[PDB]
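One-letter residues, chain by chain:
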Amino acid sequence: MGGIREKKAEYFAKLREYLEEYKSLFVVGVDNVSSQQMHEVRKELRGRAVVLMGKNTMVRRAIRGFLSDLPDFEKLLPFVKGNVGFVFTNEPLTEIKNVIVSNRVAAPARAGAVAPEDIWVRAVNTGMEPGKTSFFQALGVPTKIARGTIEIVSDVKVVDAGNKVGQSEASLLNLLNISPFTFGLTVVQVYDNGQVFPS
Amino acid sequence: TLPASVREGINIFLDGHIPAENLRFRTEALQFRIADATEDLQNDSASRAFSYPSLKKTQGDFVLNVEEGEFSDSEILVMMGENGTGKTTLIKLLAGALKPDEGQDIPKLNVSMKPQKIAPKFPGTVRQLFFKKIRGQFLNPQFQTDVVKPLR
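Residue numbers (the authors' numbering), protein chains in the order written: chain G, 1 to 199; chain B, 305 to 456.
Think of the hints as simulated: they come from the structure by calculation, not from any bench.
Treat each hint with caution, since some may be false.
A few chain B residues that don't get close to chain G, going by computed Cβ distances all over 12 Å [stated by the list, open to error]:
| id | residue |
| --- | --- |
| 1 | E312 |
| 2 | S358 |
| 3 | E379 |
| 4 | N414 |
| 5 | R439 |
With a Cα cut of at most 16 Å, we get these calculated EDC-like pairs of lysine to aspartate or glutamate [stated by the list, open to error]:
| id | chain 1 | residue 1 | chain 2 | residue 2 |
| --- | --- | --- | --- | --- |
| 6 | B | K361 | B | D409 |
| 7 | B | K436 | G | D69 |
| 8 | G | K75 | G | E151 |
| 9 | G | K23 | G | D69 |
| 10 | B | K360 | B | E372 |
| 11 | B | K436 | G | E129 |
Note that beta-carbon positions come from the ideal geometry of N, C-alpha and C, so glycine has one too.
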């Protein structure tokens, strides 16, 4: 916890040898995914070959590149985004994506997050007794009281992909028990053998 | 109670208390506002409310005549008279339920109306019906005092 490194140039130095040891290098997104979910996802990778560290200490692929003859500089626009890791692997490119991208860990949306895909809510009885039905109506979910229970009138899209989910919107959906997205290591890039693959 | 005089029995009734029995039969005494008691405001709101012209509604067996009057905002108007006078007819016209034979009253206003003789003709239970109209009015403390707690 104290001041002692918290290393600089030392952890970079371990990291240096790690791009060079493995053929295939991935630029990946934790941000969304819980850590029982990440930590489990990482368990899979770890048997096969392993993931290591950085900030901008990550962006220093250049030093690694400088040791060999491979990229600089030369890359398209260094794709790194908030919340990035590097996955160093034996595992060929195509398979790594199918493990990570296909098998994501369940999870519910969040308030103030941009929806990744279209959100819908179904029609049918919520099962909930009379109360503040109004809250549902505020979002643009039609509801009315039928049989002394709150029911949603119809299926409709509450939010589209690429629009943000409002704070009210999220909370009300969670009470419904409606979630739906796939969380995991969102692949943002690949290097293998002098070649750059985007998502 | 034991038999009493006409004047006497009525007087005791209004007190809300009977001495021999020693019971306060009514929780609160009845009082009427003096008209001194009322709040003093300059009333108009938007300058006065809506106004209706002369109206007539004739069934062909009964004819109602109405003299042009004005209504103002935040006021209350009583209607009195004997039945069969078209007290009911008049209110309906203002409700827009009835169309006048002559005269017209097309107001912009939103109206709520309660009918005179109430016979049920709504399927559903009592709570469901009142909740559709408005919930939240049901939450208010005023409504607890007057409706919910007394009857149950």
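Against the structure, the hints:
Distance to chain G confirms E312 of chain B as a non-interface residue, since its nearest Cβ pair spans about 51 Å, more than 12 Å. Remark: the non-interface label on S358 of chain B is consistent with the geometry, its nearest Cβ contact in chain G lying 43 Å away (cut-off 12 Å). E379 of chain B, annotated as away from the interface, keeps every beta carbon of chain G farther than 12 Å; the closest lies near 32 Å. No beta-carbon of chain G is positioned within 12 Å of the beta-carbon of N414 of chain B; the least distance is around 19 Å.
Chain G draws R439 of chain B into its interface by the beta-carbon criterion, the shortest separation being 7 Å against a cut-off of 12 Å. Proposed proximity of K361 of chain B and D409 of chain B is supported: the alpha carbons are some 12 Å apart, at most 16 Å. For the suggested pair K436 of chain B and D69 of chain G, the alpha carbons sit about 75 Å apart, so the restraint of at most 16 Å is broken. About 54 Å separates the Cα atoms of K75 of chain G and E151 of chain G, which puts this hinted pair outside 16 Å; it is violated.
A distance of roughly 14 Å separates the Cα atoms of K23 of chain G and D69 of chain G; the hinted pair therefore holds under the 16 Å criterion. Taking the CA atoms of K360 of chain B and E372 of chain B, the gap is near 11 Å; set against the 16 Å cutoff, the hint holds. Using a Cα cut-off of 16 Å, the hinted pair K436 of chain B and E129 of chain G holds, with the two alpha carbons roughly 14 Å apart.
Of the hints listed earlier, those the structure fails to meet are numbers 5, 7, 8, in rising order.
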